[PDB]
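Trainee: The chain contents come next:
There are 2 protein chains.
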Amino acid sequence: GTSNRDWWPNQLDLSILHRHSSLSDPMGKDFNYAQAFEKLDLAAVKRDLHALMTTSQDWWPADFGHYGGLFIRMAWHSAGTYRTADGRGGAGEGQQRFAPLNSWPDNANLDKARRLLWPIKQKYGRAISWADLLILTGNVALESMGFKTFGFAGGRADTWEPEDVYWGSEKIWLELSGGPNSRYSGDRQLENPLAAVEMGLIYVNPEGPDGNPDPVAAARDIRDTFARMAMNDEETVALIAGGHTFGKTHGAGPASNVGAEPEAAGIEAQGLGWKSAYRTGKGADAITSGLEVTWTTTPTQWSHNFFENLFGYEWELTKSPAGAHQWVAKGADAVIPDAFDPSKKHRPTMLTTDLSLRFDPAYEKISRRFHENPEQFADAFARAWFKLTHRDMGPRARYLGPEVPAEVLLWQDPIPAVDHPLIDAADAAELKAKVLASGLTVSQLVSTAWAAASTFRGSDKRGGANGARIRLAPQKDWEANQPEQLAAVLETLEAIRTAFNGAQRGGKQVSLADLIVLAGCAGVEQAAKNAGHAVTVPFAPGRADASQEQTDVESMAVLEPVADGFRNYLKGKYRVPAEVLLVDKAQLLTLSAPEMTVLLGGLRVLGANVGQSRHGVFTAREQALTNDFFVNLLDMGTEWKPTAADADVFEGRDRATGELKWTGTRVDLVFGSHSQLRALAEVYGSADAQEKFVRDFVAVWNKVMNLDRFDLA
Amino acid sequence: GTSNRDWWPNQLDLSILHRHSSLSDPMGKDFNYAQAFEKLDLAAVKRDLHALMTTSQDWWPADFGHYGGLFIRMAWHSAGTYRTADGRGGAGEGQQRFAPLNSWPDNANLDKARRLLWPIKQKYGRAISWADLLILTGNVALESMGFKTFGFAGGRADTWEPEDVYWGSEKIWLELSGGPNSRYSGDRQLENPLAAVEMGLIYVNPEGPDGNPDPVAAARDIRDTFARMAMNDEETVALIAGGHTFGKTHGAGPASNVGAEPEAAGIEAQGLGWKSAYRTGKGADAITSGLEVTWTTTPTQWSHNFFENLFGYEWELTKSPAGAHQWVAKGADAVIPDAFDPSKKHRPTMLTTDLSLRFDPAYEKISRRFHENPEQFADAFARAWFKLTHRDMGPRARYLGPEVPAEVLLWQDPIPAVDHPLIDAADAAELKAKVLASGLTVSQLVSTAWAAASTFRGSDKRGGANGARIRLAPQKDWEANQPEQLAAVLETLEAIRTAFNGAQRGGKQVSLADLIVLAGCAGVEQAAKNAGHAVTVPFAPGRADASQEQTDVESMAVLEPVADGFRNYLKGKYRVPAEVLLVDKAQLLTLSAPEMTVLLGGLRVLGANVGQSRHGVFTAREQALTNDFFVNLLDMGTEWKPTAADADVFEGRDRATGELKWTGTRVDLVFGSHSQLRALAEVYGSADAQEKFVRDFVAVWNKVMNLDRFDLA
Ligand code: HEM
Ligand code: HEM
Ligand SMILES: [Cl-]
Ligand SMILES: [Cl-]
Ligand code: NA
Ligand code: NA
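Which chain is which? The protein sequence lines are A and B, in order.
Residues in the first sequence are numbered consecutively from 36, following the authors' numbering.
Residues in the second sequence are numbered consecutively from 36, following the authors' numbering.
Hints listed in this document are in silico derivations from the structure and should not be mistaken for laboratory results.
Hints may contain errors.
[As the list claims (entries may be wrong)] Partner residues aside, some chain B positions facing chain A, computed with beta carbon under 7 Å:
{"id": "1", "residue": "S59"}
{"id": "2", "residue": "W675"}
{"id": "3", "residue": "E726"}
Just so it is clear, CB atoms sit at the ideal spot from N, CA and C, and this is done for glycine as well.
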């Protein structure tokens with residue numbers, strides 16, 4: 036079937052905005068996973084998981100009699116797709132069980148691990164999501180083997196279709212760098228938003244960079260990819276050495292014996308893949324990565340033997356049975372157990388990337404400290420494991436169940452508890468009135484609240500207006516946020532806040548986070564009044580103010596909007612057209628195409644644009660809430676041409692006279708060009724639409740204001 | 036950006052089942068277009084449309100001062116994509132305004148026509164859909180030019196994204212036959228379900244078949260394509276000669292002057308395309324098809340001049356200014372007006388396909404009759420125009436407004452009015468009890484009601500259980516319907532109906548159509564009781580019984596299921612895998628993926644399979660309504676292998692013993708293979724799911740039973 040994507044491969048793709056519809060969801064409209072989980076007997080699940088670790092199935096027999104290593108690998112890969120640059124990937128949606136992740140080469144034989152979990156999934160049904168179960172299983176594996184974890188939170192609801200993620204442009208699995216779709220340029224600079232060195236890997240190549248087995252150069256790739264997954268040097272060392280305390284790799288024979296990945300396998304495979312023709316195809320004969328390394332003398336028990344071996348031996352380069360580069364301690368005795376034959380023992384082996392921990396100078400210092408102080412190693416690993424597996428779960432308010440750690444961690448962007456009565460409706464009306472009486476304009480109000488609320492991204496549920504981090508470094512100095520205008524608004528709102536709070540009885544006070552939002556609501560209400568319409572914008576108090584000391588400035592950098600079509604803002608020049616970056620931002624904001632369309636056209640006429648640019652301001656009543664953007668954008672009396680100065684700026688002129696009416700960017704004019712977006716613009720630009728426009732604008736404005744309010748979930 | 040389709044181009048595509056979600060729809064959940072239209076002042080709209088016809092806009096100046104030709108073409112293109120094989124295409128969704136139809140080469144410059152209608156669309160907003168407006172505008176054009184139409188019905192709700200239709204496999208627009216993706220094979224046999232001779236055409240090539248200007252061989256293509264669009268010879272001659280009474284073609288210069296189609300055009304084109312560098316690029320200089328023909332002496336007025344010219348001259352082959360083959364009248368005077376210069380006149384011209392109407396023997400007889408009896412021509416053209424533009428609208432119950440023709444037409448598959456009191460709840464309970472007492476089995480009951488209801492297709496809203504057409508030719512004889520078993524069920528139900536009806540007072544009676552569905556409900560109820568569950572299946576009376584004379588047997592043939600996965604039925608061998616045909620049927624039934632999943636797994640255990648096949652009957656309690664299909668399908672204790680005899684049949688054996696447990700087809704096993712369908716199967720196969728399965732099964736069963744119930748809409 037030839038499709039639209041075939042005829043018009045560069046048209047904008049809206050389908051990413053209508054994924055996750057109620058149509059694809061098997062659960063009822065009212066199903067609430069947190070309610071279900073909260074009644075799960077979690078202790079019972081963990082007991083069944085503990086029994087499972089040592090109950091070998093003949094179709095994928097357990098190494099050493101214990102599946103714990105396999106399950107730790109499964110849970111680390113579930114979490115290990117995460118990229119800080121956009122928040123996408125991670126364990127939070129259980130996406131390892133969908134394409135393409137289920138079939139990535141680095142996820143080979145994790146289809147077996149997931150299948151081992153079906154009996155338990157089936158037993159507990161909807162009360163434990165696959166997403167939660169993958170992580171819980173890795174915790175239970177660690178615990179069964181003697182390792183004390185830092186805790187566990189439930190609350191990852193299942194999803195029902197693949198997410199749309201840019202994983203790279205390569206068309207070949209595992210393509211080495213330098214090809215026609217290379218993700219590298221310059222001096223080994225990996226393109227944003229990617230966080231892996233090759234298509235279909237989690238982070239790095241275990242043999243070394245593009246297969247070159249140099250521990251020192253491998254360490255460069257480790258550091259860069261782990262940083263792109265939000266982990267620093269100490270977390271990276273602790274995670275790699277911790278994970279490789281357990282289990283083993285699989286490379287018993289040549290990789291050519293391994294068949295089709297799950298998405299390519301025959302229907303009789305029933306969702307499994309990588310069927311191998313090497314001997315029995317499993318167990319002693321397993322082939323997964325092609326490497327054949329067992330790190331420690333007790334692969335089913337927590338120990339400090341990884342570092343004992345790494346530092347205690349001198350290493351030499353060798354080849355696995357599948358021909359991959361790996362390292363062996365030739366002076367060692369045969370002290371490592373065989374996974375299936377109690378009469379065999381093996382010498383210590385390591386991957387190139389394990390030796391990175393010793394031969395990179397900065398990693399060596401850390402590894403040495405963990406070697407000498409294994410209690411420090413255990414604590415670091417427990418903390419990093421928790422971070423790894425929860426990094427995309429959002430605010431602590433989403434965390435469910437009896438094992439949530441009480442310690443509040445800086446990475447969580449924590450929000451202080453609220454310990455005082457909240458403003459009520461009358462108080463909100465009084466504050467709206469004071470804000471409007473202060474002289475702050477509709478534009479200032481709308482822009483400030485937008486700036487605060489629109490850092491949210493649903494990919495990892497970071498950002499949003501809770502915390503009032505807009506007043507802190509680095510958000511207060513972001514170019515998009517108009518730092519000097521922003522400072523003047525915040526000073527005025529802070530004086531209003533101080534006056535109101537000082538006049539109260541009995542502990543009632545308003546947060547600046549809440550007042551910034553409410554003030555935005557007042558601006559929207561005044562804009563509707565300017566247009567002749569009385570509306571009330573809904574407002575939910577309860578946000579709290581975070582301190583600068585509770586705010587990791589470097590972690591906050593990835594939230595900076597460098598492209599924000601809702602404010603007609605582009606920080607620099609990008610390869611990707613601005614309209615594509617608008618849809619990407621809409622997706623992060625969890626907006627449908629209709630919601631994107633209404634929100635943009637209202638923001639334009641409210642004066643939300645950065646720098647007060649006239650681009651897309653297609654109204655002669657700026658700061659009134661009307662459908663003017665749509666009516667003027669769709670007026671065929673106006674003809675549009677790119678300017679000589681800038682091909683991405685357009686002049687709209689009267690078709691009969693030539694007089695200049697408007698200017699616009701690609702983001703403005705896409706609404707008049709794309710056949711689906713123009714059909715939406717039409718609805719809002721019709722003569723019957725004034726009420727609908729205002730209603731829908733208020734609804735989406737309020738949705739954006741509440742994106743991080745999991746305390747009301 | 037590499038996607039799943041790139042890695043796994045053959046994996047089954049479910050996205051077609053989640054199109055048209057509430058996410059992509061700008062209107063509220065509760066918007067009811069029928070109610071909006073019913074309040075529209077249709078007469079006011081028609082007045083504005085009449086004024087438009089001669090209000091020429093300088094960006095696309097009106098030929099002869101009158102847009103009527105352009106608009107008739109527009110409306111006939113809107114309706115002209117329709118295929119009887121699947122009911123897809125047609126005017127009923129307003130898909131002309133979306134990709135790919137907006138950019139088909141045969142729809143060149145209809146972007147201009149649609150833009151001329153924006154001011155009227157805008158004025159009346161949601162109360163007139165684009166879909167309705169395109170057809171209305173064609174009617175008004177006819178009326179403005181002196182032709183009285185047969186009528187008009189509103190009610191075509193707008194859609195908000197492209198439909199997924201198979202339009203062919205060619206990768207080149209207008210590719211001639213015999214290429215790598217040829218839609219032809221054999222003795223010019225066009226592949227089902229296609230109804231056009233080339234990719235991007237409505238029906239045929241106006242120069243002739245593959246560009247060869249032979250009117251006789253063009254006639255063969257016209258007859259075949261028009262038959263695939265539900266039109267016979269008389270309707271075809273009436274439509275072509277009727278349409279070509281008006282207007283003109285556009286080919287003033289070489290086609291290389293025309294640039295990008297709308298989906299490929301720059302953003303500044305604002306939704307238009309085909310911009311031409313030939314002289315002014317419009318009006319007297321327009322280029323659309325490349326042909327330059329004006330048919331009649333009065334192109335803006337209804338006349339009998341088409342047939343006067345066709346028969347009154349001999350025709351000579353010639354070339355347009357763009358190089359296309361066309362015909363000119365030998366020896367004629369310059370009697371045809373120029374569209375823009377009152378001092379110029381031109382000789383009569385014709386397309387190859389117009390000369391088909393004279394040189395094909397069967398068409399010549401009809402054309403001669405219309406030539407001698409122009410009142411017969413006018414009435415046939417009115418009737419065919421109405422059919423053309425309403426053929427995909429469904430039952431008469433959907434038709435809205437004050438211009439709906441009262442005459443009931445055979446093509447509408449008409450249902451007689453109900454003129455008597457309906458059965459009530461007590462009576463329904465009495466009939467269900469009589470059905471269960473008769474000895475009919477759960478399997479017979481469920482199979483019969485499935486067979487009757489599952490002929491519905493949402494593409495053209497034909498089919499369904501209303502009418503009791505299952506008892507008439509040809510449905511009673513369809514292989515899928517198990518004609519001999521069907522006849523024994525219908526005999527028993529007809530005896531029950533006669534006895535019930537005979538015992539009533541006061542005119543109350545039950546139709547056989549209702550009893551077939553009620554009886555299916557009884558079977559589902561009994562199945563639930565067999566499983567130990569108390570269930571009540573909803574039932575809405577009011578279907579009536581159609582007669583054989585109200586049932587066009589040839590038109591009914593395209594509704595025959597040759598593949599019905601829900602009955603594990605495949606009539607023969609097809610190129611397309613059975614699972615792909617299952618998703619196609621689910622799409623015609625308007626089902627989501629979850630609904631398709633639950634319905635199939637219930638049907639399997641209820642005994643709905645054709646021929647009582649054991650394929651997919653994964654239960655030891657056949658005719659009990661349980662989730663057994665899912666629990667047994669997902670049992671990893673069972674291993675699946677294709678049989679030696681047939682690669683599309685599989686054996687499921689106990690993995691440890693080798694004993695045979697089950698057999699299944701691809702339709703059955705795709706639910707344990709495809710990663711999205713497997714995730715749905717898992718929900719229904721969990722230990723907490725028996726009640727959800729029953730409740731979701733009853734809901735989808737009832738949905739299918741009511742698909743054609745537009746009298747309750
Ligand atoms: C530089 C980072 C990493 C590299 C290149 C890497 C590479 C690999 C490879 C190639 C295997 C063998 C796959 C097989 O053949 O079965 C694997 C196994 C494993 N990895 Fe990693 N790893 C990395 C980091 C991690 C981390 C962060 C963890 C967990 C905290 C993890 C835990 C494990 C475990 C437990 C296994 C054993 C699997 C089994 O027993 O079946 N690794 N690693
Ligand atoms: C064999 C079937 C048909 C063929 C091959 C065909 C071919 C064409 C072509 C090539 C044009 C010229 C496009 C352009 O250059 O502007 C056209 C114009 C037109 N056709 Fe057809 N036609 C067919 C049937 C129909 C039917 C069924 C109708 C309506 C009932 C129709 C009504 C018109 C009208 C009104 C125009 C004039 C457009 C204008 O004035 O701008 N034709 N036809
Ligand atoms: Cl994701
Ligand atoms: Cl369609
Ligand atoms: Na994420
Ligand atoms: Na259709």
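Trainee: Hint by hint, note whether the structure agrees.
Mentor: Hint check:
The interface hint given for B/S59 is met, as the beta carbon of that residue sits about 5 Å from the closest beta carbon of chain A, less than 7 Å. Given the 7 Å rule on beta carbons, the hint for B/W675 holds: about 4 Å separates it from the nearest Cβ of chain A. Of the supplied interface hints, the one on B/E726 is violated, with its beta-carbon coming no nearer than about 11 Å to a beta-carbon of chain A, more than 7 Å.
Comparing the model with each earlier hint shows a violation of hint 3 alone; every other hint is respected.
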